[PDB]
Amino acid sequence: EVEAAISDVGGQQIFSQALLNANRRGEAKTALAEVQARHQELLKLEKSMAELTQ
Amino acid sequence: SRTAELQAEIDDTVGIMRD
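Protein sequences appear in the order of chains K and J.
Sequential numbering from 159 applies to the first sequence in PDB author numbering.
Sequential numbering from 27 applies to the second sequence in PDB author numbering.
Just to be clear, a hint being listed does not mean it is correct.
What the hints assert, rightly or not - Label pairs and their in silico Cβ distance ranges:
hint	chain 1	residue 1	chain 2	residue 2	range
1	J	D38	K	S174	56 to 62 Å
2	K	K187	J	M43	37 to 43 Å
3	K	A186	J	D38	17 to 23 Å
4	K	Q194	J	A34	19 to 25 Å
5	J	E35	K	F173	54 to 60 Å
6	K	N181	J	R28	22 to 28 Å
7	J	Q33	K	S174	48 to 54 Å
Simulated from the structure, these hints should not be mistaken for lab results.
All C-beta atoms in this analysis are idealised placements derived from N, C-alpha and C, irrespective of residue type, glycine included.
Turn these sequences into a full structure, and let the hints guide you.
Set out below in structure tokens:
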């Protein structure tokens, strides 16, 4: 007559992935992309003070 | 704003010391 055939229900697991804040944007965001123009200024101090020391 | 102030101060000392 009868027996077993399909059984369980209460039993499962799940992993979990993750995205990230957008503002993050490219690494260049404050104190990163400005270092290009901040360097020309610093080269200006170096120079103007080279005039100073000479 | 700090780096600009430093630059201005250095320029002024350069002027004083050319004189």
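Structure-based check of each hint:
| no. | hint | verdict |
| --- | --- | --- |
| 1 | J/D38 to K/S174: 56 to 62 Å | 60 Å, holds |
| 2 | K/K187 to J/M43: 37 to 43 Å | 40 Å, holds |
| 3 | K/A186 to J/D38: 17 to 23 Å | 33 Å, violated |
| 4 | K/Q194 to J/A34: 19 to 25 Å | 22 Å, holds |
| 5 | J/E35 to K/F173: 54 to 60 Å | 58 Å, holds |
| 6 | K/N181 to J/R28: 22 to 28 Å | 25 Å, holds |
| 7 | J/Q33 to K/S174: 48 to 54 Å | 51 Å, holds |
Comparing the model with each earlier hint shows a violation of hint 3 alone; every other hint is respected.
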